[PDB]
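With one protein chain withheld, the remaining protein chains of the complex are depicted in position.
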């Protein structure tokens, strides 16, 4: 397989039962890693994810946890260490979103997205780094961001804020822990073919509309994001820290400006 | 009298009793605006500031409120509309910070900084914009960010995240409400001579350290940021929305690279 | 009379006879500065502009010069120091553009745009700064960039490259000369009502297209950019160096994402 240094590395993935999280679990499974699949409520998908990793060539366990609960995040990293012996790669992937005019967005709804998307990533990143520091491991953090750490998003001001914060969070932790050989990076996916977008992409006018904002002309396959995660996690990215690697088919390049418009 | 168009405009300023908030309070006073001074903690400072605004040629009230409590933020905008008749410029200035190695940062300390710096600014922005939409006003929002929406800040991951989040929040709201003539901008201060820095700068070794990180060579004067706020709030900045205007004596330009090191 | 500190300052403006350069010429005229108007091609326009500056309350000369010729740029600064006694603000405004699919762009067409847009601004900046260093003056440089130092621009790769280059040039010179009190900033215009756009906008379908890409909804007025220049040149912007201040009605905020598409 591709990245041989990933063999038997322990990888924790939050929201890892579906979409990008699942595709990442499978890919790390293809690299013969030991994957810890976090999930919120749907146990059966997690169990399904677990079997793919096994079938792909990897070891895997599943662990229930809500990333807005500190104890769950703490339990997740502890369970990983308990079961597999260590922790090598931490992937904070869980996220929620919903459209609301910003002047009508409730505090509770704002908080839910901030707590889940940003705070949960802080908690995950903290617990992993704590462990790498205490055990002198040159570990790796991957935080799942979005093109929306750069692209503003009307109706999604909570989401946009959460990823803008995630960017400075990541860049801070990378600077802080770079002297310990702990690397910290973001991935910035564009429009991806995942369960949350599977509704949106039903309407063929909606699918076309979204595709019109992707310069490469297609909605990303989750495996294309998982490829970026495996690269970033590997010793191939040894000198890469504090970055956001956008995998968006050009979406951050301002799709309205194609053909010399403007 | 510089920006005549600011005369009699209503300007609400969270944390307007000390530091940059006070400096801005005074400045809109010099432009003879109606300044609403929010304070949390210390009425005697707020009273002293209400005075300066009045001497400078302005009108002023003081309103107690915690920016992390929704009712306090809603009450603040409502109070401005009761006392002065309307709202023209919403300035979200309140912020806090404290150094903690990130792997040792507690969730509550993380939450306090996020709640204060980012969520309070969201609440402030939301309440102002709502007032602007429903009443057909081409209002203005200034969000007080930091060089640290761009410069990462070890020991201050919570603060950095809050300002990174404020950037995307500001940019989203600027895009979302631009077609309505509502402008939304950030100011990015560097190291300013304010109460938030008084302990740091009292230590002559630390003042010297901070100064060596400012290309222009001096710690900023709070009135140098207030000049930026007056400009942005004015119709001089009519085509200017969604920006962060750094007032940092060059700090974002990478102080370690002066004289061609690297 | 807004920025009183600008009274009697010497302001050199390349391409100051039309468009934004003219708008800026007039504006420093209103601040009663001494405006030196560089023009390349068309004395009758430059004469018409010299007039407006004089009517507005300013003093003005016109100086013929090609910004791609070093002797012309050196002569221009020298002429300003001969006619007016000194130099206070150097504004590098001259720029050109034309659409060509990039894979069909000729080296000479690439070179013309680079030479004009970036190298001319370097030469202008260099000559002004040299004058500032050797004579202990806390002078000011404004470089006229574009939303396209950030927004990529198919069919205009040469123009985009020139402005991306202008950004790093400006930022380097701001850092390099900050300890001397010399400030160096960019302005980033969006789509402005100028001669460079007259053909584009004459076509009502094209004017409508461009307008749909501006969040604020209108093509910018040249005086809205000149307001930004007056601010930056003033001592109001004393702590502001190394920035790009976009005046673009929100264009850099990603027009394709209005209303939550994506």
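Should a chain be cited, it is by its letter among A, B and C, assigned in written order, with residues numbered from 1 in that chain.
Rule of thumb we're sticking to: a contact is a pair of C-beta atoms (placed from the backbone, for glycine too) under 8 Å apart; a residue touches a chain by one contact, two chains touch by 3 or more.
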Touching the missing chain are A, B, C
Candidates A:2, A:198 or A:208 - the one touching the absent chain: A:2
Using the definition of touch stated at the top, determine which of C:14, C:162 or C:185 touches the missing chain. C:162
Which residue of A:60, A:128, A:210 or A:247 touches the chain not shown here: A:247
From A:42, A:106, A:135 or A:238, residue that would touch the chain that is not displayed: A:238
Chain not shown: contacting residue from B:131, B:153, B:231 or B:239: B:153
Pick out the residues on chain B that sit against the missing chain. 99, 151-156, 191, 209-210, 213, 251, 253-262
Could you please point out the chain C residues that touch the chain left off the display? 70, 101-105, 107, 110-111, 114, 118-119, 122-123, 125-126, 129-130, 133, 148-149, 152-158, 160-169, 171-177, 242
Take the complete complex as the reference. Which residues in chain A touch the chain that isn't displayed? 2-3, 171, 174-176, 178-179, 181, 190, 215-217, 220-221, 224-225, 227-228, 230-231, 236-243, 245-250, 252-255, 257-258
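Criterion: only the chains that are shown with their structure count from here on.
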Report the inter-chain centroid distance for chain A and chain C in whole angstrom, where each centroid is the mean of the CA atoms. 42
If you average the Cα atoms of chain B and of chain C to get two centres, how far apart are those centres in Å? 29
Between chain A and chain B, tell me the centre distance in angstrom, where each centre is the average of that chain's C-alpha atoms. 32
Using the touch definition from the top, which residues of chain C touch two or more other chains? 253-254, 257-258
